[PDB]
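*Asks:* Take a look at the letters that make up each chain.
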Amino acid sequence: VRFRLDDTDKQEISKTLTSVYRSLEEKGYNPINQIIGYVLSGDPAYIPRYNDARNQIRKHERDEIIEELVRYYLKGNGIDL
Amino acid sequence: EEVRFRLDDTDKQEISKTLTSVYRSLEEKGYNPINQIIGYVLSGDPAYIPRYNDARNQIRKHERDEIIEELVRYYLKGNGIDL
Numbered sequence: 008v009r010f011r012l013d014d015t016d017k018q019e020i021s022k023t024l025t026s027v028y029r030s031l032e033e034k035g036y037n038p039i040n041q042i043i044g045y046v047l048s049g050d051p052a053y054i055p056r057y058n059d060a061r062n063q064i065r066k067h068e069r070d071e072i073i074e075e076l077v078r079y080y081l082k083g084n085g086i087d088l
Numbered sequence: 006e007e008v009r010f011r012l013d014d015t016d017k018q019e020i021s022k023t024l025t026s027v028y029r030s031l032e033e034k035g036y037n038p039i040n041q042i043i044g045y046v047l048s049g050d051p052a053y054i055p056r057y058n059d060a061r062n063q064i065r066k067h068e069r070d071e072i073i074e075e076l077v078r079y080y081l082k083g084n085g086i087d088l
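Just so you know, the sequences run in chain order A and B. Reading the first sequence from the start, the letters are residues 8 to 88 in the deposited numbering. Reading the second sequence from the start, the letters are residues 6 to 88 in the deposited numbering.
What the hints contain is simulated information worked out from the structure, not anything from laboratory work. Do not rely on the hints blindly, as some may be mistaken.
Using C-beta positions, here's what the derived DEER-type ranges look like [unchecked claim]:
id	chain 1	residue 1	chain 2	residue 2	range
1	B	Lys34	A	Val8	22 to 30 angstroms
2	A	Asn58	B	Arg78	21 to 29 angstroms
3	B	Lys17	A	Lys66	31 to 39 angstroms
4	B	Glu6	A	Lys17	29 to 37 angstroms
5	A	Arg56	B	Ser26	15 to 23 angstroms
6	A	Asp13	B	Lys17	50 to 58 angstroms
7	B	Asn37	A	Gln18	40 to 48 angstroms
8	A	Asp13	B	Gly35	41 to 49 angstroms
9	B	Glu71	A	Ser21	20 to 28 angstroms
10	A	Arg65	B	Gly49	46 to 54 angstroms
11	B	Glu71	A	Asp13	37 to 45 angstroms
Chain B regions said to be covered by chain A (calculated; three or more residues, Cβ under 8 angstroms) [what the hints assert, rightly or not]:
id	region
12	36-47
13	51-65
14	82-88
Ideal Cβ placement from N, Cα and C applies to all residues, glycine included.
With the sequences and hints as input, model every part of the structure.
*Replies:* As structure tokens, this is what we get:
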């Protein structure tokens, strides 16, 4: 199963952040605080290695995550994007 | 169905009003609105926002980390990740 990952297209940001949030909770962290820390810093060290959470965040770029956060916020607050 | 109210200036500036107003001002003046907002969010520099239509004045009512905190909290709540 070493050669299984035959689709390296990025998955949905919502799927990544769901798994990262759950892993943060299991390890006893405040998940919202650690996710804010990653977005402020761009540093994956804010995310634990448990259950591949840090490797999952590394599949994305921070500026890509910020763009989705901004688009989601504006749409939910009344902007027709 | 929710109406936005124009409050007094002594009321705290709400981030939802700032960011939507900044977007509409950037768009009306011909900038790329998402791109300039990302520039602000990455840098903390109000100069990515034009002074036009009080856009820069509104972004200066907040700190970069306050805007990022609200963006994250709004996303996690809206997508059902936090509850």
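*Asks:* With reference to the structure, classify each hint as holding or not holding.
*Replies:* Hint check:
1. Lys34/B <-> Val8/A: 22 to 30 angstroms: At 54 angstroms between Cβs, range violated.
2. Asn58/A <-> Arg78/B: 21 to 29 angstroms: holds (23 angstroms)
3. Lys17/B <-> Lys66/A: 31 to 39 angstroms: 37 angstroms Cβ-Cβ, so the 31 to 39 angstroms window holds.
4. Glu6/B <-> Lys17/A: 29 to 37 angstroms: holds (35 angstroms)
5. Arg56/A <-> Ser26/B: 15 to 23 angstroms: violated (41 angstroms)
6. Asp13/A <-> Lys17/B: 50 to 58 angstroms: Between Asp13/A and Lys17/B, where Cβ atoms are some 51 angstroms apart, the hint holds.
7. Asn37/B <-> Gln18/A: 40 to 48 angstroms: The hint (40 to 48 angstroms, Cβ to Cβ) is violated, given that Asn37/B and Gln18/A are roughly 27 angstroms apart.
8. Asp13/A <-> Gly35/B: 41 to 49 angstroms: Because 44 angstroms falls inside the window, the suggested range holds.
9. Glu71/B <-> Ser21/A: 20 to 28 angstroms: holds (23 angstroms)
10. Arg65/A <-> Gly49/B: 46 to 54 angstroms: The hint (46 to 54 angstroms, Cβ to Cβ) is violated, given that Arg65/A and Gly49/B are roughly 24 angstroms apart.
11. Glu71/B <-> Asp13/A: 37 to 45 angstroms: Holds - the Cβ-Cβ distance for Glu71/B and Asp13/A, about 42 angstroms, lies within 37 to 45 angstroms.
12. 36-47: holds (count 5)
13. 51-65: Coverage by chain A is violated here, the residue count being 0 at a Cβ distance below 8 angstroms.
14. 82-88: holds (count 4)
Of the hints listed earlier, those the structure fails to meet are numbers 1, 5, 7, 10 and 13, in rising order.
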